[PDB]
Amino acid sequence: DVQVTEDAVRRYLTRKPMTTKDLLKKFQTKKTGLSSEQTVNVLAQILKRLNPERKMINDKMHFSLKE
Amino acid sequence: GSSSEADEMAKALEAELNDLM
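Read top to bottom, the protein sequences are chains A and B. With the authors' numbering applied, the first sequence corresponds to residues 451 to 517, in that order. With the authors' numbering applied, the second sequence corresponds to residues 941 to 961, in that order.
FYI, nobody ran anything at the bench for these hints, they're computed from the structure. Be aware that one or more of the hints could be misleading.
Unchecked claim - Derived pair list, reagent style EDC-like, types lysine to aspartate or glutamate, alpha-carbon separation capped at 20 Å:
(1) A/471 <-> B/948
(2) A/471 <-> B/945
(3) A/498 <-> A/451
(4) A/505 <-> A/517
(5) A/475 <-> B/954
(6) A/505 <-> B/959
(7) A/498 <-> A/487
(8) A/498 <-> B/948
(9) A/510 <-> B/947
(10) A/481 <-> B/947
(11) A/498 <-> B/954
Bound-form chain A, shown alone:
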């Protein structure tokens, strides 16, 4: 019984900066039996509206949030 919510995604960014690839990997195909497109579509609609900030960490782009 696993569900995806905006609060859950933001929680990770609020605690530690992460990348889109890392976020998707969390529920890419671990347990949730959701289609690859569906998984991205759900997080995309939520993340896309997130309009967060980008930071250069280890020569890479990461997502960070400051409530």
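Fit chain B to the supplied structure of chain A, relying on the hints for placement.
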């Protein structure tokens, strides 16, 4: 390489936020 199609799976997500970025 060992991976390819899987990488694109995440690219779609980044493509969205890429706008507001």
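Please work out if residue 498 of chain A and residue 451 of chain A have their alpha carbons no farther apart than 20 Å.
violated (25 Å)
Do the alpha carbons of residue 498 of chain A and residue 487 of chain A lie within 20 Å of each other, as the hint requires?
Cα-Cα ~15 Å, so holds.
Please verify whether residue 505 of chain A and residue 959 of chain B have alpha carbons no more than 20 Å apart.
Cα-Cα ~16 Å, so holds.
Given the proposed pairing of residue 471 of chain A with residue 945 of chain B, does the C-alpha separation stay at or below 20 Å?
Holds. Residue 471 of chain A to residue 945 of chain B sits at ~13 Å (cutoff 20 Å).
Tell me if the straight-line CA distance from residue 471 of chain A to residue 948 of chain B falls inside 20 Å.
OK: residue 471 of chain A and residue 948 of chain B at ~9 Å, within 20 Å.
For the pair supplied as a hint, residue 510 of chain A and residue 947 of chain B, is the alpha-carbon distance within the 20 Å limit?
holds (15 Å)
Holds or violated: are the alpha carbons of residue 475 of chain A and residue 954 of chain B at most 20 Å from each other?
holds (13 Å)
Has the given pair, residue 498 of chain A with residue 954 of chain B, been kept, meaning a C-alpha gap of at most 20 Å?
Within the cut-off at roughly 8 Å; holds.
Between the alpha carbons of residue 481 of chain A and residue 947 of chain B, is the straight-line distance 20 Å or under?
holds (19 Å)
Below or equal to 20 Å on CA atoms is what counts here, so check residue 498 of chain A against residue 948 of chain B.
holds (17 Å)
Pair hint outcome, residue 505 of chain A versus residue 517 of chain A [Cα-Cα no greater than 20 Å]
holds (16 Å)
When each numbered hint is compared with the structure, a violation occurs for hint 3 only.
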